[PDB]
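Read the single chain below, which is given as structure tokens and is the form deposited without the named molecule.
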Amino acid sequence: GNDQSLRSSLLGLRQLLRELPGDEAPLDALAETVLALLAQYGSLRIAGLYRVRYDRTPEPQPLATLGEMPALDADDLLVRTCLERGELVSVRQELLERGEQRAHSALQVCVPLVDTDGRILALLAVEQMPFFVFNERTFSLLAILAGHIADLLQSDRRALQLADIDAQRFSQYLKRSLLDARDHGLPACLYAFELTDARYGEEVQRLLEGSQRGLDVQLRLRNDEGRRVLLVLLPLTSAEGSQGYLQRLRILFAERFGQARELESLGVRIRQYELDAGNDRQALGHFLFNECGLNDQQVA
């Protein structure tokens, strides 16, 4: 619902990124797009996007602006606090209620774009947004969006990392889904498909791999019982979405194989794990290693 809008925005951004020449710095090239996306989700009126250097200081000249963005500062406390802390920070509501923003010449909120490593890539500095959005629901969707954007921009150093790009993407997406769940209660779903019948194993895996679509990420593995397992993560997906995912998958299996066969008749054992906040912090381990028969060398 809300989840598909977010996913759609992120898929749009990933597409632009993928089409980018290659001599072009993604943060420079797509800055206006990133600012527009942030503006749309936070109903922002006046804002700026700034590059953040390797020492957590911002470059004063904006990559992009929205509305009548002022020049920055000299050492604005909100700007400093945000980059220091690597977290979103806001002024107190009462400053806005008093009308004290023009005098005091202050911002309203600062949002850092931090990847799954805790690397700060960019700063969103908001001068103006409507009072009715100056709240925790909005601040939270900005933080969610800023993190996923930062992860997508992280589109280098995998040209310097040793792992298959597919394993690298699954690992990053999983960590991010864990943060989305722990920090904001956003849902995601992991499906594990264990292929127990070696006659159909090959073609089932091919069908499953071929089904991959927008943001879903997969990892091909062998478990401790000798059997192929295909792990599928559905980021930013509610229960209605992840249940719908399997319904589509069953239709696909029916096209390919018997309409008179169910997936399970092909030796497919399905296991599912909904990521949560109230979840056990060790329960994902039991799912992955034990239930799925995997190990911490294959999933980390």
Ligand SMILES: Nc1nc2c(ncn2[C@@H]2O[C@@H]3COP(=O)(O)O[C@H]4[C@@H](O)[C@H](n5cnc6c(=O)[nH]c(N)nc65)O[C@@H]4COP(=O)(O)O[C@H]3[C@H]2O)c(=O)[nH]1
Given for the second form:
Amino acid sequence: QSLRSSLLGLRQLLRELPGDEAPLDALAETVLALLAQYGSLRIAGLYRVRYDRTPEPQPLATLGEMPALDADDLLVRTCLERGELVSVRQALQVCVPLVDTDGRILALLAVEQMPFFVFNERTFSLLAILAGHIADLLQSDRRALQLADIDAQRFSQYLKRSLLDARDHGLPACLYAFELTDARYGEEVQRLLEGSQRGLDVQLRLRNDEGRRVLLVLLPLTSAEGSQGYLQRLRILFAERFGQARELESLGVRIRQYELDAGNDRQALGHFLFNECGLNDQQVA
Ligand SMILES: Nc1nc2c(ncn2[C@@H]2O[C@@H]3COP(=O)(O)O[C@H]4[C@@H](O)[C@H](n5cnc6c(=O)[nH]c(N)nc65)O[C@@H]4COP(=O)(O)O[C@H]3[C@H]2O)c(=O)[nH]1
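Switching conditions: you have the form deposited without the named molecule, so give me the form deposited with the named molecule bound.
Time for the whole complex; same chain goes first.
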């Protein structure tokens, strides 16, 4: 919950930015402070990364007494060519690139000093998880110029991040599809579902191959316990809105669930969305 809350905090600071300033310049202190907190950093800088994957040497923000940035330092070059966190384990100790879901490297965290007892894989993993999610947000919410649905774009980018979270870090997420089969209750059920949206959850309102309303809900960074806690909350909400006498199911709601796993193979998510939920590739990528 700490990660989710840290990310929601950042996201809100992004939403309230004037839109005059670049997110990365104006929120640099906050981004670095966030990373410092999770890595127990002591000496570090945050740097803009250019188009061509080179770093701008003048830092956006520093922590402690960070020395000048060795542009062609081995750790820095390796990090930026590989697009992944690299460390010196076994001047700089760790470099963490901030890479979005499309592989654009937006920024670079360069770590001079962190306590040795946290200089390990557990810590490197939190740093890499946080960096990727910050990256997405820095290019995110103020990004609606493409003539596709804003909602549709944010849904698929969040889904792509949760897939990386699963694949790379074993982090769990859950997708629900609510298929609404009764036209009498359809709109009112979907409105109830829309109003329940919480935290980093994202939603997409769709119509399937049989013309029925389908509400997709993605629960980022949420375990199997938790997913069940969500459906439990949701059932209480349906009981207030409609009969406590009645169940979700008696309103024409069919629930489909897909758990994102490190185990879940390649085209498993694809089979879930299409030829199962009956959606297509123009609704989610
Ligand atoms: N992804 C996702 N998961 C969900 C959702 N609803 C419930 N869960 C899961 O169900 C657990 C219990 O939820 P609760 O009864 O609402 O009990 C919650 C609730 O009373 C409170 N809480 C947590 N987040 C919020 C929030 O964003 N707004 C409000 N008003 N209360 C919250 O803290 C208790 C424990 O919350 P958690 O530790 O998060 O633990 C949550 C969470 O793991 C949802 O819309 N999306």
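Residue numbers count along the first chain shown, from 1. Basically, rigid core = biggest C-alpha set you can superpose within 1.5 Å across the two forms. Shifts are known only where both forms have a C-alpha.
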item: Listed options 158, 169, 184, 119; Cα moving by 2 angstroms or more between the two forms (core superposition); value: 158
item: Rigid-core-fitted C-alpha displacement of residue 208 between the two forms (angstrom); value: 0.6
item: Cα displacement of residue 74 between the two forms, once the rigid core is superposed (Å); value: 5.0
item: Backbone CA shift between the two forms, residue 286, after core fitting (angstrom); value: 2.0
item: Taking the rigid core as reference, consecutive runs of 3 or more residues that move 2 angstroms or more in Cα between the two forms; value: 155 to 160
